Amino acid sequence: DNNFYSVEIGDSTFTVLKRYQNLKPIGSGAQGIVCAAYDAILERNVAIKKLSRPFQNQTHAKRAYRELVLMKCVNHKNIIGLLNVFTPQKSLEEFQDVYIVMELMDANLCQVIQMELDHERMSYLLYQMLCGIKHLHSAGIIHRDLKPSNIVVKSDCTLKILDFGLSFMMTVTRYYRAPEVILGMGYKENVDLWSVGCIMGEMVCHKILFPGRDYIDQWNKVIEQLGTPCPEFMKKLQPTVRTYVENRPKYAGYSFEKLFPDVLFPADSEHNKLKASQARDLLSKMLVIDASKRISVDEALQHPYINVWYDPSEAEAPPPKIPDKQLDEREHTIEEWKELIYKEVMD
């Protein structure tokens, strides 16, 4: 076009608005490739995600539609903001790709996990995650898919959640899935606190807590560390699941003192010893198999480890106004999704 130019990013073509220069690949997902770029108008670096034929199947479509809608109506410091959205295609018939422009962050949490963090940074990152989750909950959004790769960080320790979480498609969130998602029992808002527990545990010990090769192994990994759950939990399971869970080898589990010893934390000073004890107590309330006994986001935000950062403008921010049942995920055809997405892009 006269407003667009094309650069080759591997085996992929990025056709972007001329305002975006010096494209550099920073990552890839099932949706598409992400480039760092310089925005010459705003005079700041951005991230541009290319969504190739998002309407291609119902899974990509629902995800692309939810991403577009929620990014346009949410304005919270701990949720990635939408700077721009475009398509190089001139019409619906030619419509192929969607490009989402976001603020560029310095790293994702996978990188932070490979660092020892002092409690001030650790507790501030965790506080921000919980604010972002609490904001999603206040609008009726349960993430359910939180993992370190979808959480990004800046140099000044600011944190942002990249996606809104959410079937079959062709060509690693499982480690962070709550027992109620693993055992197909339905879920509440605190399904997200299990994922925070997984992420926090990983930020402390630098290794994936429950690295199951599948859902059966995933359950086995959970029970080995935490122990076989109460009979009160077993009674909440459907008979076919209740039989499978009850017939597994029995595990006593480990105390959080053995799972997360002082050797894994800064614990030299009296300040750090107290923080390590507080961080351990928080881990023990998040990594709870039975969701009815698990910490809520608000109790987590008010926990001694977290509450030093508590700011109601962040933790009690007015909920976003999602234009009704727009994300109910009703089945649509390939062409219906193609139209719904195009209309959201064009506005």
Second form
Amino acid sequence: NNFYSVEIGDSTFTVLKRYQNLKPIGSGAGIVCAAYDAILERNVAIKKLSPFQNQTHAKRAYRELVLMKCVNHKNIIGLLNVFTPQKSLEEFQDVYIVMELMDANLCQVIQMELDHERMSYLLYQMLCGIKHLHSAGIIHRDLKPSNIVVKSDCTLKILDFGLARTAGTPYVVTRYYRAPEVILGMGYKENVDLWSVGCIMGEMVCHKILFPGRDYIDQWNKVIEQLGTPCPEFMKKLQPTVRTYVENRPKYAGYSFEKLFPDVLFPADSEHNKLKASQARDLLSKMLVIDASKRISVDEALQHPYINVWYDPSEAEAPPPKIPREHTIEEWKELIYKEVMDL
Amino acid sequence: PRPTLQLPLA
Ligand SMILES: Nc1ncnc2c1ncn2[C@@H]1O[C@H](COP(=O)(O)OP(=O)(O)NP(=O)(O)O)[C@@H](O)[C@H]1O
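I would like to compare: after the form solved without the partner chain, may I see the structure of the form deposited with the partner chain bound?
The complete assembly is shown below, putting the previous chain first.
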């Protein structure tokens, strides 16, 4: 057989013979291994979608597969190969995705003391990845440090495309990174992603989660205590039921960004470049805005003095990815299989 | 131009 089985913890990894020396790197709710591609003479990451058990997983796996092939960008994780051990549609069970192997999570970077140049450059690349997805009207929706991978040369790529979709109107976004429009059930546009960037940027500066809500409702308490109760113009935009609860909350003044992010928490202003704590804080104050209509866009974030120094139109103005929604599990299984065989 | 930066990753 062209394949072979190797146990990783408890689950079985039935991969192509070309992929050798499989080692576990990360966990999910898909298990990821680091391997060596004997044919390509390079290190790879192999994700086993543990995929069509229910209609939710099916849409998540289909989205991941379709978007991974269409998107071709420096700051998006690239698809190298897709395969299945099974030989028929009836046999079909497991889906394996082969990608470029990165050295770490952004969790490790949050436990590091960076200089302005590395923070800025990491954020710039993140924004390039997000701008690319948005140029095709795709919103990531689940940006968090475990979805952001980095290399020792300070390069970065975005990872999860399971929830990635167009602008719309349940609990699938990770709590701490949920924007007010996701927490409060409003409609979300592209800049929902900028709130996630602000939470990640704040985590990098403070080295702790920015809004550590204890549940999905306490998440709102954490945001209004730090930022202040939103103004009545934002309240009018809420559904009457959510609005009554939000207006019933105790009133918060919030804290200034100078008190939330003092100079001492940012890297020292280098004598060798023009990057400054006051610009990083200004950028944070434009991303961590509750009302999405008053919060900046990805483009405005790329134009920001803390980020624009790296601007390169080859990465920042790259052509949009060319993309060519309710089915049963049987219709989905058939749909996944057709895409696996095609690529 | 493309920078020459490093992250000490364990
Ligand atoms: N291509 C890759 N290169 C390096 N590390 C990777 C790669 N893909 C995944 N990882 C690692 O594996 C972890 C889990 O991957 P993955 O399941 O795709 O993301 P996730 O959305 O955070 N998981 P989950 O939401 O719990 O299902 C990541 O946080 C990384 O540590």
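Throughout, rigid core stands for the largest set of C-alpha atoms superposing within 1.5 Å between the two forms. Positions refer to the first chain, counted from 1.
Among the candidates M185, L274, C205, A107, displacement between the two forms reaches 2 angstroms at the C-alpha for one position only, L274 (superposition on the rigid core). With the core fitted, the CA of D298 sits 0.2 Å away from its counterpart between the two forms.
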